[PDB]
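In structure tokens, the next block holds one chain alone, the form deposited without the partner chain.
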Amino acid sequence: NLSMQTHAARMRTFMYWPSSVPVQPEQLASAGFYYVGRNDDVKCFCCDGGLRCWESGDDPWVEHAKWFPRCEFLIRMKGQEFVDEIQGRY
């Protein structure tokens, strides 16, 4: 979504993020994700990948590379080498 292209815009969507979820808005927004307003469902502004069921210790960048490795925002921020590693390529 076009209005979620900035980190600050994505941070504003976490207004009603449930406080019990063990991952923080700053981590999520940095990795491209904004809150869609249901449970702990987030989506990437670039690739539209959705992630939910966040667990203690999850790193949103690693999860983004695990499930949505072709995302261009992810590749530009973290690099193809990182994404390849998370996909089991060295």
Second form
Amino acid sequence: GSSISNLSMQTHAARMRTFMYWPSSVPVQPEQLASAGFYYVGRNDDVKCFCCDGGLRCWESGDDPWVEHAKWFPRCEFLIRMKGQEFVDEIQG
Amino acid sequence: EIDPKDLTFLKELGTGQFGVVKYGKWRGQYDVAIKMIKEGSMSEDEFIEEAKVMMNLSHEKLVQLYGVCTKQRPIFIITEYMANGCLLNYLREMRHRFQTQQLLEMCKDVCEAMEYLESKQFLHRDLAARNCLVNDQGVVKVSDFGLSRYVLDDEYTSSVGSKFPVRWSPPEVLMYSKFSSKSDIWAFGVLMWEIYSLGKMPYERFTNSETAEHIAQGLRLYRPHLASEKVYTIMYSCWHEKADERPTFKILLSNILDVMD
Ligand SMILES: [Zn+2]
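Moving on from the form deposited without the partner chain, please list the structure of the form solved in complex with the partner chain.
Up next: the whole complex, starting with the chain shown before.
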């Protein structure tokens, strides 16, 4: 019952350093992704959650990283702790 | 006109452009996709009339439109079920370990659908990997053909917009909104590039505004590593500054068949 998938990406700053070579074509900002537990894997617009290992790509204009996290990875321990169960079930509904 | 009672809804497929798309059954046990149109997203009266023209488009590499449900809201768009979804995601999934011959047939499939559309004088207006679909057999089919004509969202309509397909537009579209068979040819060349780049974003290190100014001064997409010198000559011919110097889909298809291995 492992809680964290990537310990080296537990801090917001560590997730921010991965976004150094983040393509300028992506219509979502590193700060918004890092806050939502995501780090850049170095290929295209692929991000991974440090807690649930949930991978997200093909980001569109107006995409909220917190909404997408709850949309595709609702069981994420980090997501529930930061946003609460109420927010998760709201996106699933 | 399909009766909504003669339709089943079994699984949700996605929430891309226009709204929610669901998998279900039609007459009795026919595999279908039901596109549900979100309120205020489409010039509805105009789409219903064009749907009658779209019903008559019938090709092996073109996503077949079986019918519509327009006597209720939301409007249902009943189509051919494509189990492997959008081409873009299909390309980005590295597990596939595609052969360059498989990448060429994806180009052949799109070019055949685009040759049929050109022979019917129908323009796609938004040709890209995100708008192509993949079926159970790995066959690529052209979808959402001419649909941008009915999108009400201001971000997708304006050339400097947040959702305009800038990276798939020729210089005359960005600068003067000059749409023609040649703007569909340009986008096809970009789509060929996306395929050989395994779903990489065109001009990834540029913003929409940087892309627009650089292509106008002759900057073109580099040769993808998987693309041979002969394959690159084909996609490159789509990007000629002069629209009349670009080939038709008929010429491109013979060019693609010429390098089949
Ligand atoms: Zn997570």
